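What follows is one chain in structure tokens, specifically the form deposited in one PDB entry.
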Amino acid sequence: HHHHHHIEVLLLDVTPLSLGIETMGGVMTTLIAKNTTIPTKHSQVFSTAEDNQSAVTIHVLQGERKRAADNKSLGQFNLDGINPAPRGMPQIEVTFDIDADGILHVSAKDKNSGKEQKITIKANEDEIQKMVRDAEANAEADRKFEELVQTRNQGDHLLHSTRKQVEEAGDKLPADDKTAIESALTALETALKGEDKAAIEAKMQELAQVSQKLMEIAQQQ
């Protein structure tokens, strides 16, 4: 009683360690997780970290730790030529492609300009298990580090965008709100220098709660 539309998985190999890139704050962002079946192709879209940034550096990493510096370095390259735009607007697609020969191809492409750059990384046993074990021993500190960096980066963006809004609003912003917002901005700046995720979240919320008039002001444009 057979049917004839079935699809079969081709199982040739799996990756021994995670593969990814370094991102803002010294974090390893994974593109291909440990144990992914190969051949495979994974991409994710990234952006710039400051206004009018013209280039990014892709640092290719191998390992299970969240701090980039605690992983193995496989290679690096730049993608130049990113057209001037606000932080976070350019769309840079980073693709990790592993072929049947086990060769890793990494590329970064600007989705807007089409500019592309790429590298090829050519295809341990006790070192692998050592690295897996080093990660388990630091799993808690690594999670806390990753969450802190994410929170800091979100807080830095909010700091910068809010200051920009204050400047554009000018005399349209009531003095009481401006005082409240400036105080909240300074408090968030101080929190961002620390290592306490909860304090940064609280200062971000305290800032949003006093900044509601900025959005309304922008709309009268």
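By rigid core we mean the largest C-alpha set that fits within 1.5 Å across both forms. Residue numbers count along the first chain shown, from 1. First, how it differs from the form deposited in another entry.
Taking the core as reference between these two forms, the lone member of 34, 178, 42, 67 whose Cα moves by 2 Å or more is 178. Once the rigid core is overlaid between these two forms, residue 211 counts among the residues whose Cα shifts by 2 Å or more. For residue 54, a C-alpha deviation below 2 angstroms is recorded between these two forms after rigid-core alignment. Relative to the superposed core, residue 21 shifts its CA atom by less than 2 Å between these two forms.
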Given for the second form:
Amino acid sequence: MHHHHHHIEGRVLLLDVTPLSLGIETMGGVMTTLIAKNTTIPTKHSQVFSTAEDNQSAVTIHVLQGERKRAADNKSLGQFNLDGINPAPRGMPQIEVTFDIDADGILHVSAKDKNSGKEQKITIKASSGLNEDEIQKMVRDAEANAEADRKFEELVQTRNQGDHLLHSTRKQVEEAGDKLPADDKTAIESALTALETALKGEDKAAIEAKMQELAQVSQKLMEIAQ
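Let's compare: the form deposited in one PDB entry is above, so bring in the form deposited in another entry.
What follows is just the one chain, with no partners and no other molecules.
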């Protein structure tokens, strides 16, 4: 006797639901959703995130509310800081961010360093403002821009992948005095400047091609100097 008259919703009378999605801002200005809309309070989500660059001592938890992928197109609840992270390469540290909304509708956002054991913790309301004309306007707007939103997401991904290489190679440009051959660092310079201008923009794996081009130039020097 398994599943019949055993089913599940999804809808619970005595409890509130989240009017619209809640999350944090991540590199590239992208909203990473933690608690999705129409989620029934109380709810809790705990997830690990990391620093966006090498030797980074601090991160800003930025709480966003909305269905848009672009952070700026989402309502910004509030933000706080967590510092005192032992330096380490980009992606190395482990920051546990937790969104816990209680029965009263109070969002408890916390960020913890799994290394130091240090945690900054705040509460904020998800229930303020709103007024469903607003909510519906927001979600409808999200429905309108959905394609552009997804495109933007993949774009940002490729982008940050490029930014990492930019910062890296630029930080790796001088291993020693004049160790890197002269006039190579010139073409390299025009290359990565033209890369900074390659992303203020829209497109594409074109950037990616530029990246796979700029990886193998100084790769000579660097690899032989390893």
